[PDB]
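Input: a single structure, listed below in structure tokens.
The complex appears here without one of its protein chains, the remainder shown in place.
The chains carry the letters A, B, C, D, E, F and G, assigned in the order they are written, with residues numbered from 1 in each.
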Amino acid sequence: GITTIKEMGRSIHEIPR
Amino acid sequence: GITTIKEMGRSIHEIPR
Amino acid sequence: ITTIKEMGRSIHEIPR
Amino acid sequence: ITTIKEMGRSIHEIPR
Amino acid sequence: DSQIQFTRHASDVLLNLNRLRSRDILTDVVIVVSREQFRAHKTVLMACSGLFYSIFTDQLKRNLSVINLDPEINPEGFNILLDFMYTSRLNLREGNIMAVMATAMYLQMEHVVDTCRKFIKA
Amino acid sequence: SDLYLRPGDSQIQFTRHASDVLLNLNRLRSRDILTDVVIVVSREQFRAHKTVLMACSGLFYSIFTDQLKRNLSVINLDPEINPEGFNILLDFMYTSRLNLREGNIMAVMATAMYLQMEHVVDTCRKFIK
Amino acid sequence: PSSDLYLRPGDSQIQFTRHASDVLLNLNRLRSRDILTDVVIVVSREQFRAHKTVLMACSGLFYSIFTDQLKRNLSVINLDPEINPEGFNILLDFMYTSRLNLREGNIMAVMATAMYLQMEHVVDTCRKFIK
Partner (left out) sequence: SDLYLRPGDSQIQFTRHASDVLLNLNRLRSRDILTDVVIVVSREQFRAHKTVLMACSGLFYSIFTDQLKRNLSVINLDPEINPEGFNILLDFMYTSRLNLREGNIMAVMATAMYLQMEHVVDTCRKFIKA
């Protein structure tokens, strides 16, 4: 079946301040 | 005009297990 | 076992 | 500044 | 310990399945017959036709969205059998009863063939 | 003499066609043929057909009527949903039979409530009388 | 076996555990830069630009206003004069940061403003806090 994986890292880019 | 019949036997093949 | 029949509608009706 | 965590739901759930 | 049986459940599922076809929802195959086309659900086509059950189980022929029937097949005969698969209702019209019976043989729908044979008179 | 085919316009109603379709739909499911979605319920997975789920569940109807999820293949339910309750209701969708026992009727009912299976809930309400 | 460089994990679901936090932070950066903000909330003397979608997500009051067709196209919202601009600023930051900052002498304000905005889960967390 579907193997589930966690990802503790940043998922998207960081809109600068 | 729109004479109707009831067929009570199996209508389609039986997909095997 | 107890087998009880239900003659009513079982699921919602998807509209036309 | 003592922090406190809260694992409950924070805001209402918008219905589907 | 108990178990409940819903006697008209299967009838309600088929109606809803036809409503999805009616609104063109999750139709995953088009059946080309002569000039015209017919959108339907592969699961309903496999449940009802020995011939459609045969392609969509074949490994290579599973991921196809356009099925072309033999050019001899009458579209009007297929449409009558298609509406049948979704409604339990086989409408034999004034001039289609032989076409519907013939298309049913092609589609390996042997039970609908056998039923029409007991119906045809002359 | 005219060997003409009968008077003409006629219609045949196959009473058990609806049942034979649903039974074959289950055989396709039990052999995992053309299952097009996997429901994830608390890290336990269930495969099914999207069309059968929409026909039965008001929730799965709302979900796959939506453009984002209409053509996708995975659905994660609320993690509170009991997997046993869903499996009991998925078997009802394909067999017209609801296998509630004493002790899980409360889970079966509250899961039917989540799936927006309105008529199945009411049959459980009267089944506490 | 080795002659076949097929992509190894056939079917897989990757759960980006912090994607929600990352999206909310970037929404806050867009707020701070006044990017695609659609409404200004006027609380007594101060003004707060924000995104109506984030407001409807968190507040039952804002959800109820921006829901009927007649009101979701509003540019300026005036909260009641009794609403503390400090209390609202604390809650608005919570909406964009998941962090509710309670300094001494503000906790009653935050709690009262949360009742106004119909954020009943925050309100209940504050009730647990006092006690």
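Definition applied: a residue touches a chain if its C-beta (ideal position, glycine included) is under 8 Å from a C-beta of that chain, and two chains touch if they have at least 3 such contacts.
Considering the full assembly, G:107 is the residue among G:61, G:107, G:115 or G:123 that touches the omitted chain.
The chain omitted from view is touched by exactly one of G:32, G:47 or G:53, namely G:53.
Looking at chain G, the residues touching the absent chain are 5-17, 19-24, 26-27, 30, 35-36, 38, 51-54, 56-58, 66-67, 72, 94-95, 98-104, 107-108, 125, 129-130.
Although one chain is not shown, part of chain F still touches it, namely residues 66-69, 71-74, 76. Residues of chain A that touch the chain left out of the display are 2, 5, 7, 9-13, 15.
Heads up, the rule we're going with is that only the chains that are shown with their structure count from here on.
Under the contact definition stated at the top, the chains bordering both chain E and chain F are B, C. Between chain B and chain C the centroid-to-centroid distance comes to 22 Å (mean Cα coordinates, whole Å). Shared interface positions of chain B, i.e. residues touching 2 or more other chains, are given as 5, 7, 9-13, 15. Across the assembly, chain F contributes residues 9-15, 17, 20-21, 23-24, 28, 40, 54-56, 74, 93, 96, 123, 127 that each touch 2 or more other chains.
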